[PDB]
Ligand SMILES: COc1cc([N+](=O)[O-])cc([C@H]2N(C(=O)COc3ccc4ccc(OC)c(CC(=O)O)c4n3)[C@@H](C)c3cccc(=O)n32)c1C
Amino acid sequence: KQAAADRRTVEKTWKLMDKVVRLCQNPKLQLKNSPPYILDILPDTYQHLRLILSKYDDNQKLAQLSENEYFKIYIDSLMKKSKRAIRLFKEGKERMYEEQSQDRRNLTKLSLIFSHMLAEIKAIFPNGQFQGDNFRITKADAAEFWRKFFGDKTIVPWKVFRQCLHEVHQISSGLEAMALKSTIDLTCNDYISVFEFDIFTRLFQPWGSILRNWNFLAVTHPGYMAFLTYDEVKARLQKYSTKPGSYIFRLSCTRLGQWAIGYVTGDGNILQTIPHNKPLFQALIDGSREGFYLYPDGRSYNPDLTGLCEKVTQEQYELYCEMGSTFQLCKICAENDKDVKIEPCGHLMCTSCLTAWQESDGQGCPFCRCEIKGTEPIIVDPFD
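Let's have the structure for this sequence by itself, in the form deposited without the ligand.
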């Protein structure tokens, strides 16, 4: 339950973003001017919020804006993420100045979130005006699914989204659902907006086999680099410059919904291409046949992707989840947050799953089977 996004609440988020910008302006951070660049994103987020307030220019327009379901979630999420970034610097202390620390890794996770939030608000409020009900999902087959299960909703909880997705494309496990949440819930707010749904379905189209496409292109493909920057992708392929056909593919934080495929040419150069509005596996199979994409990340083995034209381990889902912000979510159900701690082992889950386990005569802890000596209610943050 979020509070009304009135002017006072929007202004609180500006002040919090201003503290995050100042913390990030510290030269001891040695912060790269490379995407997602939080020092450009936060001022741009403030300017978009100003543009929205300029369109809802009277008390009755402001009232309509304050109770808009998506806007309430957006303002509440912006506030929480800004507060989280402030907390990260506070606890991180000197670890924020070490480029390889978990604290700095968490700042990168927040910078990605702020970038995705900015792209989302610009798509949902283009030119400051709410167009969530008139938002056009790019792929028609994906759009039909959204309309079937969610009607004209601009945003739905992850819990509801995942249950409805499972009706069409089966999710085989709790770790698979956790990996999928970190892929679709780009804003890390436990909701799926029509914009996040559009991004996911563009990236892993065609809809008819979307989870198979995602599992094989992102979860287990050696060429997949997530939002790794262009400079890092070029530097990574530089070690394979004498092996033409070595290639990697990445998601672009400035061009959400598009892939960029970097590759080594016959003359040792590293070039890139942005495939059109088509399946990434199609561009990869075509490129394999024409001799352009042969060695994913320089590896001799290029996975056969032709199966997608007409098996993932729990360990593979676990490693994929590291980059996400899902540590606070119960691993058994992947739909409720962890709210109970088992003693003495210390494992965490939601009470609903612990109750189901206890009522099944499950021996000890569901994870380690150690005797449950007691429990304690707890609240978990993704960075614990």
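Numbering follows the first chain given and starts at 1. Take the two forms, superpose them, and find the largest set of C-alpha atoms that agree within 1.5 Å; that set is the rigid core. What changes on going to the form deposited with the ligand bound:
Aligning the rigid core between the two forms and inspecting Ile137, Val160, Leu228, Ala123, the C-alpha positions shift by 2 Å or more at one residue, which is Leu228. Core-superposed comparison between the two forms: the Cα of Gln170 travels less than 2 Å.
Core-superposed comparison between the two forms: the CA of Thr254 stays below a 2 Å shift. Once the rigid core is used as the reference frame, the Cα position of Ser101 differs between the two forms by 2 Å or more.
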Contents of the next structure:
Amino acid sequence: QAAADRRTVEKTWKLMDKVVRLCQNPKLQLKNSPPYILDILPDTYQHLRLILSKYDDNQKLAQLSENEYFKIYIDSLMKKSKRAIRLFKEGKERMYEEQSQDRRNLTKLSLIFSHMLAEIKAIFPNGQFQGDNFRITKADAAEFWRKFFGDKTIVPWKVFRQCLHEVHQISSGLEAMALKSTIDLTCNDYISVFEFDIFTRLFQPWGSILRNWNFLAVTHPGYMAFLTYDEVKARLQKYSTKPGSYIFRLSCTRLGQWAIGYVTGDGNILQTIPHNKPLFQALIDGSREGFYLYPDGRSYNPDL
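Previous: the form deposited without the ligand; requested now: the form deposited with the ligand bound:
FYI, this one's just the chain on its own, none of its partners or other molecules.
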């Protein structure tokens, strides 16, 4: 990780600007729906401009430029922005085909950028680095983080995996690789305390977290990962005549929280946020009551 001096941070601004120009192409017919690069990248430049404003003398810039998280962040942003630029160049006319693999990769990158924005606003609230004070929401998860990493804001994946394995054993590399793609929202091969917080909130309780993660995100056909409210309604339309069809999903706008969509006996699509109980438990309760019967339309619910 190169040092994050103002020259480097500015070089990243120019790259993001290219991505914004490329995404303004009308032939693209880009829909205003989260994650929306034309919101995320400008807001990211703004937050970076804020951070740099605070580190105004030369002993502050030495702090910021040497900040391990910030060094990693700026390097990711530059790599992801170069990737996006490469995507349009190599994708050429295939970028206007709203269903092409080139546009799907652009959507993948827009999620990442969105996750990176939420992270930096969390780690640098109001441009001031607060990474070592970040309060992990689940207490037993926070015990784990402080025990093995203490004050750190960001941790190499390999380090994180070995320490997690001491407490919750991973069965295989394929599992570890699926776990990585789940926890590592920003796809930078690191685990920040923000990503850890999102993960242990989604798949609580900590004491059985890997079982919960497998049950919800690996083996459950009802899991849909990131969808907007409208996208949930759209996907369930084909099942509006099959009450009990349901899916559950995440929101890139409100990380760390689950939502469920399901079809009522009348053929209506309702969506609900399970406040104050783990998702696997809401699904188990929901199944018994007769609401959550056919995950994504299949004919049986996965075995608890």
